[PDB]
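Only one chain is included here, represented as structure tokens and corresponding to the form deposited in one PDB entry.
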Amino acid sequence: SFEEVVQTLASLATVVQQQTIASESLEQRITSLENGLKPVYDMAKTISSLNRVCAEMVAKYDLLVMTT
């Protein structure tokens, strides 16, 4: 009776501790996505600069060559 209750309570406490440890590990692994996703933002940003540079090159092309 009382021994069974104590054993069940101890098992429940151990299971809760293990679940909290697993949740902490999950949170720690999840919080590593910022480092992996920052280059995505960097390459998204650099495309606009590359397009602007190419547009400037095209515009400066018509300055030199005579064309029609």
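Shifts are known only where both forms have a C-alpha. Rigid core: the largest C-alpha set superposing within 1.5 Å between the two forms. Numbering follows the first chain given and starts at 1. First, how it differs from the form deposited in another entry.
- Relative to the larger rigid part, the smaller one turns by 81 degrees between these two forms, according to C-alpha superpositions.
- Remark: 33 to 68 is the one run between these two forms in which three or more consecutive shared residues have Cα displacements of 2 Å or more on core superposition.
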Contents of the next structure:
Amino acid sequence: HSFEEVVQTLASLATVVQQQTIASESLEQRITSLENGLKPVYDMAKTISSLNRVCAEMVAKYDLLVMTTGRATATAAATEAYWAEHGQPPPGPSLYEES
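Take the protein just shown as the form deposited in one PDB entry and give its structure as the form deposited in another entry.
Coming up is the bare chain, nothing alongside it.
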């Protein structure tokens, strides 16, 4: 019964060794994942505030805009609409402001 006991103990210790090795590999990959996850957090935190202030400044600056109408808006819109469907130049003669 000594040989079978020795074989069983060897198999058990081999299984425990395999479990220890896979646990160590899991620890290593978990550490790598932690490092990768914590690598860019500072950059994200710093960049969020920059985007916040840039967006706030743009929204504030939008309120001080003055626009003047032009004489070639409807023609350009019509040309774009005609090109977007059966795309071709509108039939001649040319429109009011073709530029």
